[PDB]
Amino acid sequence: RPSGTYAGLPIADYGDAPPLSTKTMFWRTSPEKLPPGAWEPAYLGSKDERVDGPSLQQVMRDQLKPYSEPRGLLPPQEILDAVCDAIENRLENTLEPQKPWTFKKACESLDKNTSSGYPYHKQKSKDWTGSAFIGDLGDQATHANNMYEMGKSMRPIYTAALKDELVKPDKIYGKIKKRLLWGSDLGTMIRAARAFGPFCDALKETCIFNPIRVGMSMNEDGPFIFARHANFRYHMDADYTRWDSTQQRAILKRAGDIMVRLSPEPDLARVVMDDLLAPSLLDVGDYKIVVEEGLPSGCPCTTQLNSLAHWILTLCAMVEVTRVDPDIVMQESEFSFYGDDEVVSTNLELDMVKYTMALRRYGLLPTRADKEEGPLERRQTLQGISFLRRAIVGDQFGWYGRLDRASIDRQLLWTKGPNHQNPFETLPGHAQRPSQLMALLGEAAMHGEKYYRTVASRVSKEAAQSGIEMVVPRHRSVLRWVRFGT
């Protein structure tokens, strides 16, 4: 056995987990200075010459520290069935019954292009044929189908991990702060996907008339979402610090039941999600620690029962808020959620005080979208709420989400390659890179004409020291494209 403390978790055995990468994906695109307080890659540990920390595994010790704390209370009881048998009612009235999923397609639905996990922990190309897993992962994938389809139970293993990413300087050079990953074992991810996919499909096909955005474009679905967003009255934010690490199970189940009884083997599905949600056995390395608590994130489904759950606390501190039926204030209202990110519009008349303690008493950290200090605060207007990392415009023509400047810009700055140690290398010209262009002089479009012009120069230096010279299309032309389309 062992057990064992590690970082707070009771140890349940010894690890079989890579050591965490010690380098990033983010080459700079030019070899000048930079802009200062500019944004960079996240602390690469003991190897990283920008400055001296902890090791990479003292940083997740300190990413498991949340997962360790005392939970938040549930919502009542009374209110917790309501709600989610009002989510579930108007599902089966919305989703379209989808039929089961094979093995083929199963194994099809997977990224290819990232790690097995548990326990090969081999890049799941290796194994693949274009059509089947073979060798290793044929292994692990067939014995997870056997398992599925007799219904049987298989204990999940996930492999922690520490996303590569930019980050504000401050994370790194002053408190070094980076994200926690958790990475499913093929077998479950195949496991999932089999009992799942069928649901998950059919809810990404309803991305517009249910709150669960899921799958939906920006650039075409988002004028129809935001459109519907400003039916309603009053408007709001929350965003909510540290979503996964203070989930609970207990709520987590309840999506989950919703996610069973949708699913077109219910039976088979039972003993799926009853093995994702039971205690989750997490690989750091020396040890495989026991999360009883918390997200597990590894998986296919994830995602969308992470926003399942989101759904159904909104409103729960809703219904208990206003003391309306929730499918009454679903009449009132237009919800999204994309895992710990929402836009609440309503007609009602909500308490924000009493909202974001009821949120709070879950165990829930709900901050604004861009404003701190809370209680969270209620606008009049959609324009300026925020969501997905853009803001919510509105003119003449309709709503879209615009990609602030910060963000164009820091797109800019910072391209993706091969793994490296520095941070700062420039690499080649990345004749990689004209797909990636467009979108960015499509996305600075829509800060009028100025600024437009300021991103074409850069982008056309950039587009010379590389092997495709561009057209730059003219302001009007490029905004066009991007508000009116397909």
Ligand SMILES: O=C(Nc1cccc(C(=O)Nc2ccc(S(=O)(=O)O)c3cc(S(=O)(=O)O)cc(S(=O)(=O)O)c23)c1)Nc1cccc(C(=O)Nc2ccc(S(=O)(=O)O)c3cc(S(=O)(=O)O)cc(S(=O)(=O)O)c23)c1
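We call the rigid core whatever largest set of C-alpha positions still superposes within 1.5 Å between the two forms. Residue numbers count along the first chain shown, from 1. Compared with the form deposited with the named molecule bound:
Of the residues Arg270, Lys171, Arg368, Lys122, just one CA atom moves 2 angstroms or more between these two forms under rigid-core superposition; it belongs to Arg368.
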Given for the second form:
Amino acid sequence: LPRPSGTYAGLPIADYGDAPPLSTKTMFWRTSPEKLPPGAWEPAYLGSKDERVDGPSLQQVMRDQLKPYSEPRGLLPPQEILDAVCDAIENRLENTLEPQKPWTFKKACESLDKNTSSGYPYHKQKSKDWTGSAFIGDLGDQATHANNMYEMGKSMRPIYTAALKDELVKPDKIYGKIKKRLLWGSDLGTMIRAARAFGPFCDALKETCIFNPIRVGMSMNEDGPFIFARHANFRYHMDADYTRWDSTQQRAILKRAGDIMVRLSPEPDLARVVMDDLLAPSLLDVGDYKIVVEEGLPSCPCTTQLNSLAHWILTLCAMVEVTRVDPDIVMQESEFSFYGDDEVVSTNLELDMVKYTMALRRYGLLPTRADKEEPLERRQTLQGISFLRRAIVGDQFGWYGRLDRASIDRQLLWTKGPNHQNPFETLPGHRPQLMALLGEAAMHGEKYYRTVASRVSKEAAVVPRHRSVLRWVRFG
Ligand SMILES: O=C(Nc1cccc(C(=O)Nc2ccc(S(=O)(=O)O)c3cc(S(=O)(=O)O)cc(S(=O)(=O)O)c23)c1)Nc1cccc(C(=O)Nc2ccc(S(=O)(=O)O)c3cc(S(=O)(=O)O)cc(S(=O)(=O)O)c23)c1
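Can you give me the structure for the form deposited with the named molecule bound, which would complement the form deposited without the named molecule we have just seen?
Starting with the chain above, the whole complex follows.
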């Protein structure tokens, strides 16, 4: 048996696949047998077995998601600009991050999310081999071998397992042009080496998730108010609202981001080896085949910081391009918030929104206007902009993130459970997450709260006073 070859969804085949088949099930269940309102969200499409519509096979849905990964890259920002931006960011993290002690193997092992899959090659939930303290059996071995390579600075090829995201989507993605977000399931060896190598940096960054613009690890409730307060110190506010962020990414940019992480790691030599592995053409298991994807971001959990960091680089570049001001001064005159593709940009500087949107499109990115029409707008009020699925709001007590009425109503119609074929089935039994749901409704005032409390009480089949619950969720 020789390696197969050819093309799969515009990408070169490199080998046979070891991946288990795509899930034809959803974790979502209705909360009442009643018919869903018009245009109400539902779990994403479940394949040929999906009772709701006749659409294509999941592999064909997946193949669609890979298409933009073969698309030509956009253009690199001007070298003169890349370098100054890069240097400014590196300097900024230098000045703000606390040096770390290396992450142990024990550490890296404890940090892994134990509920998700281990990926290539054992494809078993990480818990099946965990003992509260360490990995045993297969996963034990995979982890030990990977750890040995890391300490020796030896290269390992990450293998990724494609899957599609089980989530609530707007109806048009089920009944209209069918879509379902692609995920890259990293392998455990990689998860271990990445953990050891970059965990330290991820910690340092997280400790300063308020002074520095990478918001990963923040608490919306505890850190929202301070974070948005910093943003409101600046005249202009905007959100670029990217489409297909990960797929439109440049390895060239990711490598610059990766550098910064390598340079700012307690073991830069060992880190270097891991980063290069992470960024070399990616091997992606799509089921029958392992394909090679040269470009874009692998949608491995540690990459959120790398993603946020590229994001940082990209946005600073585009501004430096337009305003012709030093990245250092741009950062003096702005406040940023990045979480992967999600962003808020706040600045005093008069930004030529035309030249700015131009620049972003040229880097390969797909920013979209709030309205969706044919150049990005900017406001003098921070009220309206959103971050981490919440709407930024401001009152006499300060700023907070409020979950929108729709997301609340949507969380009432659906609950999570065991996997099943028919999302319209209701679940016998049932749920506290109903706790926090009453807290989100409080921040829309009383006359919206009573009606949410009405639906919450009637899920018995004390509901605290509005006064009481508004203060708890606002002020603690
Ligand atoms: O999957 C994608 N995009 C995607 C990515 C990759 C490829 C494709 C694709 O289809 N490519 C192609 C296919 C076929 C062909 S074809 O065969 O040729 O015809 C293509 C031909 C050509 S070409 O022209 O011929 O070259 C080119 C391409 S290309 O690749 O597109 O270039 C093709 C599409 N999006 C996606 C999917 C699923 C869920 C969600 C999702 O995010 N749900 C949500 C979750 C959470 C929140 S929340 O947390 O904020 O509440 C959400 C809030 C809101 S909000 O409240 O309204 O703001 C809304 C949603 S939403 O998504 O429900 O909208 C939310 C998003």
